[PDB]
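Colleague: Listed here are the chains, written in short residue letters.
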Amino acid sequence: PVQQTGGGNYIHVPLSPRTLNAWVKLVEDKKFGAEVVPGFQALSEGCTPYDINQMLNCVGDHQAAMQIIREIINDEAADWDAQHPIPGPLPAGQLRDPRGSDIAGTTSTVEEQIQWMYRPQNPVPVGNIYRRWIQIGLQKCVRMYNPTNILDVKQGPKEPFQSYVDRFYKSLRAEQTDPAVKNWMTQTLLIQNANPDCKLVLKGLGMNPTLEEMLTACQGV
Amino acid sequence: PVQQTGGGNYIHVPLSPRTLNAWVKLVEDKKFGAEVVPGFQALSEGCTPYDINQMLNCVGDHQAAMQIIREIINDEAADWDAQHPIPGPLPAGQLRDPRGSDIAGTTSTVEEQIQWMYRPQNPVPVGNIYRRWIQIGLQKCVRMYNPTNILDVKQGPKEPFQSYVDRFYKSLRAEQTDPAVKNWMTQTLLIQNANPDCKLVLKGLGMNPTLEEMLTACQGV
Amino acid sequence: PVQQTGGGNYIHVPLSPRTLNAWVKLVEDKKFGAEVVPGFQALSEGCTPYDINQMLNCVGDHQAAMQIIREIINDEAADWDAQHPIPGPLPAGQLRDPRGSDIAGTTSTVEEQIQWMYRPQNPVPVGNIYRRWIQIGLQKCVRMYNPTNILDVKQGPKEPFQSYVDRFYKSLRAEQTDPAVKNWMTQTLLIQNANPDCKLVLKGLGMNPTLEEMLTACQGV
Amino acid sequence: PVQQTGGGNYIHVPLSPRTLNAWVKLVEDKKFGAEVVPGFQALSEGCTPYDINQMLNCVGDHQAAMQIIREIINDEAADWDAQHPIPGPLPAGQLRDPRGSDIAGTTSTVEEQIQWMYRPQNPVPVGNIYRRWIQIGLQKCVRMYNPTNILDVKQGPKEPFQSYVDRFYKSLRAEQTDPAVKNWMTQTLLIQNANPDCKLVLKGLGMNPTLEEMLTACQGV
Amino acid sequence: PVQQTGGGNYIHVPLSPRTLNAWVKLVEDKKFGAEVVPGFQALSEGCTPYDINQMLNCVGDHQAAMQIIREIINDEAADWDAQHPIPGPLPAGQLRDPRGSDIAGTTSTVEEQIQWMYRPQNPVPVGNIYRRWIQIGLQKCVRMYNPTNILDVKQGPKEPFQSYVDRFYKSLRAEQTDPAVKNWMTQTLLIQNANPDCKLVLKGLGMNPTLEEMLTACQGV
Amino acid sequence: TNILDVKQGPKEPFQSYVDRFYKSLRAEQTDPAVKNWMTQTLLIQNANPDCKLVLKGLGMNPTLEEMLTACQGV
Ligand SMILES: O=P(O)(O)O[C@H]1[C@H](OP(=O)(O)O)[C@@H](OP(=O)(O)O)[C@H](OP(=O)(O)O)[C@@H](OP(=O)(O)O)[C@H]1OP(=O)(O)O
Ligand SMILES: O=P(O)(O)O[C@H]1[C@H](OP(=O)(O)O)[C@@H](OP(=O)(O)O)[C@H](OP(=O)(O)O)[C@@H](OP(=O)(O)O)[C@H]1OP(=O)(O)O
Numbered sequence: 136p137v138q139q140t141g142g143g144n145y146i147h148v149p150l151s152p153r154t155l156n157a158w159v160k161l162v163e164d165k166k167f168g169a170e171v172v173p174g175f176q177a178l179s180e181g182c183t184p185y186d187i188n189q190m191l192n193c194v195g196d197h198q199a200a201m202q203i204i205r206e207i208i209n210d211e212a213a214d215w216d217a218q219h220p221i222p223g224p225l226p227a228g229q230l231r232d233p234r235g236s237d238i239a240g241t242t243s244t245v246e247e248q249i250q251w252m253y254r255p256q257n258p259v260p261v262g263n264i265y266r267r268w269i270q271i272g273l274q275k276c277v278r279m280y281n282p283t284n285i286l287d288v289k290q291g292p293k294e295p296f297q298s299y300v301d302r303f304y305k306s307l308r309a310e311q312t313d314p315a316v317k318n319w320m321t322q323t324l325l326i327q328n329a330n331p332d333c334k335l336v337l338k339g340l341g342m343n344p345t346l347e348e349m350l351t352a353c354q355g356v
Numbered sequence: 136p137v138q139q140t141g142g143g144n145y146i147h148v149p150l151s152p153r154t155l156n157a158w159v160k161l162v163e164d165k166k167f168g169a170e171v172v173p174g175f176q177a178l179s180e181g182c183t184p185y186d187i188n189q190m191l192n193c194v195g196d197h198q199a200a201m202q203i204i205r206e207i208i209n210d211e212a213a214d215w216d217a218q219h220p221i222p223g224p225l226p227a228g229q230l231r232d233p234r235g236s237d238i239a240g241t242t243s244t245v246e247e248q249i250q251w252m253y254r255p256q257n258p259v260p261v262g263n264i265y266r267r268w269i270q271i272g273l274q275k276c277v278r279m280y281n282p283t284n285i286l287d288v289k290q291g292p293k294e295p296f297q298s299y300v301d302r303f304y305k306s307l308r309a310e311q312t313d314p315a316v317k318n319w320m321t322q323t324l325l326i327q328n329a330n331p332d333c334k335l336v337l338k339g340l341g342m343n344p345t346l347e348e349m350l351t352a353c354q355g356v
Numbered sequence: 136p137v138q139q140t141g142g143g144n145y146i147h148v149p150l151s152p153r154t155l156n157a158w159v160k161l162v163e164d165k166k167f168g169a170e171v172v173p174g175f176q177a178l179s180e181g182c183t184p185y186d187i188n189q190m191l192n193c194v195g196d197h198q199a200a201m202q203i204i205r206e207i208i209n210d211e212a213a214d215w216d217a218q219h220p221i222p223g224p225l226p227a228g229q230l231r232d233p234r235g236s237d238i239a240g241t242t243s244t245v246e247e248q249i250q251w252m253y254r255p256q257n258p259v260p261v262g263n264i265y266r267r268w269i270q271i272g273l274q275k276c277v278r279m280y281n282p283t284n285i286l287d288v289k290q291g292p293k294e295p296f297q298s299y300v301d302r303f304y305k306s307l308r309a310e311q312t313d314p315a316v317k318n319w320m321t322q323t324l325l326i327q328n329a330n331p332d333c334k335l336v337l338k339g340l341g342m343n344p345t346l347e348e349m350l351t352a353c354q355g356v
Numbered sequence: 136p137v138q139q140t141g142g143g144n145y146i147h148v149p150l151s152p153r154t155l156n157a158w159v160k161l162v163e164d165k166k167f168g169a170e171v172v173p174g175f176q177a178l179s180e181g182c183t184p185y186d187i188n189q190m191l192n193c194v195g196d197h198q199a200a201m202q203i204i205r206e207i208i209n210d211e212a213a214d215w216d217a218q219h220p221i222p223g224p225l226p227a228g229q230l231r232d233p234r235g236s237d238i239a240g241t242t243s244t245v246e247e248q249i250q251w252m253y254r255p256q257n258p259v260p261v262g263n264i265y266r267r268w269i270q271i272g273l274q275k276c277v278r279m280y281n282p283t284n285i286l287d288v289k290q291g292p293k294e295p296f297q298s299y300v301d302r303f304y305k306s307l308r309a310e311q312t313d314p315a316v317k318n319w320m321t322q323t324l325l326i327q328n329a330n331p332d333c334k335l336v337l338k339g340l341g342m343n344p345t346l347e348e349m350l351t352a353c354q355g356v
Numbered sequence: 136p137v138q139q140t141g142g143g144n145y146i147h148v149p150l151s152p153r154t155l156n157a158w159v160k161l162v163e164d165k166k167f168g169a170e171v172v173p174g175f176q177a178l179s180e181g182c183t184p185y186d187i188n189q190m191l192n193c194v195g196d197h198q199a200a201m202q203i204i205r206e207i208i209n210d211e212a213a214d215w216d217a218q219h220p221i222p223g224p225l226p227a228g229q230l231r232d233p234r235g236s237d238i239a240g241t242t243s244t245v246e247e248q249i250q251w252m253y254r255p256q257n258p259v260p261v262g263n264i265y266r267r268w269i270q271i272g273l274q275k276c277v278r279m280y281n282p283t284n285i286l287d288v289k290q291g292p293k294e295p296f297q298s299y300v301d302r303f304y305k306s307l308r309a310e311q312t313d314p315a316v317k318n319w320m321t322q323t324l325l326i327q328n329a330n331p332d333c334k335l336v337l338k339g340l341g342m343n344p345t346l347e348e349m350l351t352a353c354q355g356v
Numbered sequence: 283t284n285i286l287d288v289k290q291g292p293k294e295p296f297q298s299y300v301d302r303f304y305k306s307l308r309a310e311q312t313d314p315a316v317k318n319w320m321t322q323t324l325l326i327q328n329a330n331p332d333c334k335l336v337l338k339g340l341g342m343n344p345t346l347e348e349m350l351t352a353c354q355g356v
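Keeping their order, the protein sequence lines are chains A, B, C, D, E and F.
So the first sequence is residues 136 to 356, counted in full-length UniProt numbering.
So the second sequence is residues 136 to 356, counted in full-length UniProt numbering.
So the third sequence is residues 136 to 356, counted in full-length UniProt numbering.
So the fourth sequence is residues 136 to 356, counted in full-length UniProt numbering.
So the fifth sequence is residues 136 to 356, counted in full-length UniProt numbering.
So the sixth sequence is residues 283 to 356, counted in full-length UniProt numbering.
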């Protein structure tokens, strides 16, 4: 992280143990639950990359997924190098313009990552760009770990409509589905993959019911 | 959240892990108990919307209810857009006047949400307006989850008048009932849905007893 | 709560989660033990009313007692309105003189509650007056929940004089008894409601023994 | 407690929940172990009396002992009133010279207790004097609760000399014994109340052994 | 650690208990897991050597490994002494130029270690150089404790391809293997040491599959 | 019929099925994005297991042209 000073220059405060441990305990307990994606951001809102890397590295389990995230950061990295050019030999006295690897803090140092993140001429935040990339690797894994696809989430003889709708929506977000499909699935597949006795009551409501109405109606059916 | 500086402009401090976890542990343990509504406010008294959204999102369970809250924020959102007009093309150099979605921080950024929340000309607090909306979705769910309606809370042969009155009042607040009804239910339905032996003693007190008198009298009856 | 600033006006800091939880865990575990009364004050020494109300409200159990406290705050409230007059239409630009409900923060806002609590002309602390009222409702409940009245606390064949005196004094404070009665009960009823074998030894000490002497003497009797 | 300010007067910071709870958990678990006396001081090094009283009061158990402490504070209190005279009617504008009860903060307020504790003309610390008194009541109780007197701490066939010496010294401090007696008991009663086989070996060392020598020698005897 | 002051010189703040305990609880629970290496750095980002030494020393178990680390710090130490010369008798008034042992803080004091770490003429950070050395001793131990070598990590009849790849990669990093070998092992030995039924499906993908494809394909095979 | 009910018969080709699917996809006036998801997924899910595995062996995000050729005589 970065803490500024009065009469002094910006300094690098370290990351904190509690936070390093919470991220570790949100991935080893929730088994890369979708929520892992925001937990990470919040725990990292103001962490320079060197620190983000130390956190992800403390986790020595689910190491296949972490490798997948590393592959994704390198692929996104290639795009930034291609789209952003080299101004040419940059005159000594100037910190090298940032690349996808310095953004990570691998080849670069925290002090240089703070320098770009705050340089007055063109501040390049090498702290938030990296997290975004990590979040695409985390998100794919969540999608690789939705044990049930939404088309298979249905209702058994003794399964109600409140637990089923919970199992459905939780998967729908984790599949990283788009919005229009979300509504169609929400207004149709919810009723299709259900017990018939409750289905008749959800259909008794009328057309385009609301989740409030669907839930209240099928209370005890 | 927002922390101001001396010699510097307002900055965005992040939300804290402990608080993100407490909200999560007040919803997964109390099963959206009514108290969830204030716990949220207190945990969020000074959180800009971006953060309020990160908290609600970390919870990946009870996701049906969270969807209901999202529907409610969008419905209230339509009202604000209708009631509050567009001054027209706003001259470049001016931050767009706030809408129901920027209030959420979805399409907007925290820096802009802080800018309106503190702009000197007409400070628009986009932090408290949003929470209020979230609280109406949370409140409906509590009402959707009062397992017993107050008209069904009664006294069995071995149920006393202290546990029953507790089960009654807890439901009365969670039903989000109005005040005049609250008093009538309080002075009448409490005695009606009760064991007769205790009922005779509560009636021996006189007319319009006080909960102190009702409770002390039916001690052991 | 209220935190003052240098070069800036007083601000409202929020209440803290840990404290909201401790009050909740001192009432759901001690079952409104007498100590609940001071725990509250200490946890609230510098909390503006809006916050005191949020804490009491997070507790959704023992809700009958909380209603009793609400009745007591309204009754005390009537007294303040009667004793303190209305200076008449107060000129615009002046915050309304405080009433029993603003003291609670119900109809009022924290900023106005801080304004009176610190107004230079006649600072009206709307923070401590309210707590005092809450403490009379809490105290009555403790008295409504002393399972044993002091006149019934006695000694059985295998009950000693150290556990009995503990059960006696704990009730004596919770009954909210007065001081002169406290001494008479202390020097007389302690010996009366006791095992005879120990009674003879407590009486062997002489007249007006001291709890030190009474306790040391009946060691093993 | 008291926190001073720059450009402002001294203020009263409150006591903290964690500390109120630790004192409570050092008395309900250690059953007024001697260590309770220092735990209290350290937890209270800078607490004005009002707070010291709130802590002791949160403990609603072992209430006989707390009453004994209250009797002791009143007895010491009489001595201060007798030894320290009344300068006579003190001119309005002057805070009353402190008495044993204001030192407690009972009849007095924290602001007045801070005023004497810091008054420039003759600062009277009403914070440390009170604690000292509380410590004499706590100490008597520890002495009233040494289950074994040192003259009864001895060695059985299978009791060694390391556990016995531990049981002996722990009692010796809790009896609040004097120093000269401490040495005689230490160099004599330790050997007297012991197993003979180990006694012969402790005596083989010579005269006035040291606890290092006594302990190393009787290793396995 | 080191905290600077305004109007005063740099001071040595101490290390914190929680951190001393976390390092101890990351080595006695993870049994020198590879992650121990970064946990240490993060917990020590800004700790002067004297403190780093106090932490490692609190751990009294796995003391063979700590001795190995001590041997490694002494061997690296010899290199620094050889490569860095003695400018000769350094004039009194000048702190001795740093050596490998002062870097540790053994023969040196924290104040001198802070003086070099911040001396304006040629700041020598004796805080980060030491940690680096400790990290080579920690890393060797992790390699001495990879119970399974990657050439022995294979798939049994009921072992899938997700747990196996996890056991493989975790070892690959802990063996401290190089990058080119990492890719060859990754694209070849992963398929070789596997169940044949899944092997046929991983081979059905084509050539140079990606861990995403390999993992999705062998789902249920 | 409807697209969430259309299913390839056990001894029916997945070709007969696609003609009973795209015909019912346009009729339902399904949105274009909802069309792509149903197209790349709901076809394979509501199909014979043998051809479902054969199209799954075809690879990721297959194209209908390839799906038809691979499930030929499947
Ligand atoms: O008291 P809190 O500030 O909420 O902190 C709690 C816990 O509280 P309790 O003692 O009431 O259970 C302990 O706090 P401290 O006593 O150390 O202040 C301590 O527990 P652990 O060491 O077991 O984690 C840890 O706080 P800290 O960072 O101050 O050590 C943290 O633990 P939990 O979050 O697990 O309750
Ligand atoms: O951890 P933070 O979120 O920054 O909170 C700090 C921090 O809490 P911890 O003690 O749990 O680390 C301080 O740490 P220390 O200075 O004790 O190391 C503590 O200081 P004090 O206990 O000395 O006051 C202070 O305490 P408090 O909550 O009583 O103000 C507390 O404050 P916040 O939680 O409000 O930030």
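No lab work stands behind these hints, which were simulated from the structure alone.
Some hints could be false.
[Said to hold, decoys possible] Here are the simulated distance ranges between beta carbons:
| no. | chain 1 | residue 1 | chain 2 | residue 2 | range |
| --- | --- | --- | --- | --- | --- |
| 1 | B | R267 | A | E348 | 20 to 28 Å |
| 2 | D | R308 | A | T244 | 50 to 58 Å |
| 3 | C | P226 | E | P152 | 52 to 60 Å |
| 4 | B | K293 | C | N257 | 54 to 62 Å |
| 5 | E | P152 | D | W319 | 37 to 45 Å |
| 6 | C | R254 | B | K293 | 54 to 62 Å |
| 7 | B | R153 | C | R254 | 50 to 58 Å |
[What the hints assert, rightly or not] Below are the PhoX-like pairs computed for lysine-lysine, each with C-alpha atoms no more than 25 Å apart in a straight line:
| no. | chain 1 | residue 1 | chain 2 | residue 2 |
| --- | --- | --- | --- | --- |
| 8 | F | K293 | A | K275 |
| 9 | D | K338 | D | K305 |
| 10 | A | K166 | E | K275 |
Just so it is clear, CB atoms sit at the ideal spot from N, CA and C, and this is done for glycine as well.
Colleague: With reference to the structure, classify each hint as holding or not holding.
Modeller: Hint check:
1. For the hinted restraint 20 to 28 Å between B/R267 and A/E348, the CB-CB distance of approximately 24 Å keeps it satisfied.
2. D/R308 and A/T244 have their C-beta atoms about 57 Å apart, which keeps the hinted 50 to 58 Å range intact.
3. C/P226 and E/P152 have their C-beta atoms about 59 Å apart, which keeps the hinted 52 to 60 Å range intact.
4. In this structure, B/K293 and C/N257 meet the distance hint of 54 to 62 Å, their C-beta atoms being roughly 57 Å apart.
5. Restraint check, E/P152 to D/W319: a C-beta distance of roughly 41 Å satisfies the suggested window 37 to 45 Å.
6. Distance hint check: the CB atoms of C/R254 and B/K293 are about 56 Å apart, consistent with the given range 54 to 62 Å.
7. Between B/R153 and C/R254 the beta carbons are some 35 Å apart, a value that contradicts the proposed interval 50 to 58 Å.
8. Under the criterion of a C-alpha separation no larger than 25 Å, the hint pairing F/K293 with A/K275 is inconsistent with the structure, at around 36 Å.
9. Distance restraint check for D/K338 and D/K305: the Cα-Cα separation of roughly 23 Å lies within the 25 Å cut-off, and the hinted pair is therefore satisfied.
10. Between the alpha carbons of A/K166 and E/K275 the distance comes to roughly 30 Å, so the proposed pair goes past 25 Å and is violated.
Hints 7, 8 and 10 from the list above are not met by this structure, while the remaining hints are.
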